[PDB]
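Given as structure tokens, the chain that follows is alone and in the form deposited in one PDB entry.
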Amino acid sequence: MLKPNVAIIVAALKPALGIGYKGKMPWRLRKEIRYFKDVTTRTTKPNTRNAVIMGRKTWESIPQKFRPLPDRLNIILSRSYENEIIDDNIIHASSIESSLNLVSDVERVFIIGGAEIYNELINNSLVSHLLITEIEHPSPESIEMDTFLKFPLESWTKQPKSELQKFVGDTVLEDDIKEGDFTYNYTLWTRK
């Protein structure tokens, strides 16, 4: 696959854009996990699938019994890996672009984390869209976080919900979803 458009998908707590703590997500938002699953799995073309790219630490954080993520091509990046097709669902690679050379019959490509991957790949011009779940809490400072997004948002434009809807197709997008003390909304951003 040559120069595909790539999307980053992440959930962050405003205003600092915290995304983790000691290797885990600092929240368990049931509806959000379901949205992640649907957006990253659904395709429109016929015999295609989407590809999810992640850092080695992220891969290792998924219980072995629950990986690879089903119904998607999984690509794991490590600076120590040789470009290798493990099986039909798993690819090992040392760079995003090399990994993409190994794929065919992929519709969309998503970067799913973690922090290091995100903070590095945001500056790669292959990244054309950001799907950011913006999470709000009454006392954000009470949530322990050690990992944050460092995205140059001044170079990106948040699109209206209509554009997000068009992006996701059929997926139901509820507004101001509440789960415990968290309130969240899905958003789409494109480069200026």
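Note that the rigid core is defined as the largest set of C-alphas that superpose within 1.5 Å between two forms. Residues that one form lacks are left out of the comparison. Positions refer to the first chain, counted from 1. First, how it differs from the form deposited in another entry.
The residue among 76, 109, 112, 100 whose Cα moves by 2 angstroms or more between the two forms, once the core is superposed, is 100.
Superposition of the core reveals a Cα shift of 2 Å or more for residue 47 between the two forms.
Once both forms are overlaid on their core, the residue ranges between the two forms with Cα shifts reaching 2 Å in three or more consecutive positions are 45-47, 95-97, 99-105.
What would you give as the form deposited in another entry, now that the form deposited in one PDB entry is on the page?
We keep it simple here and write out only the one chain, dropping partners and molecules.
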């Protein structure tokens, strides 16, 4: 049985693993936006592309002129949708199982959020990598939030930086990136 190559990509504030407040991210991290773009857009060969899968709320939080996310197939989930290919760049899917059946033309698949989607996928056997941007701040409790990852990190193994570099290819991975009061690092995890 052929299966797609799927990873979760997310940015979280430690230690609680907070992901959002209201319907947005509690930070604006310049370099992290760029990493996100590169990682999700990069392919091993030209004239190929990846897909991104998101929840309706995340699609909606993207300003209209900036959607779909360029250079990648965008897949949007809503329990109100009918499976439908809108154009070459946008597909509507009515369940996770269908979403994973609509990625036949891409190289890699990235689950890009939000909370409910992440929580639904982390226990799917198809997900073989977690790409976590671990964020730190002097006083995390000062950062307001209502959305958290509920991942069983004990059943995942954080890999050495070398393994991440293997996955991201040519992208530069700086350590301990500072922006304002935040410090962060990109990480890669595999299943135990």
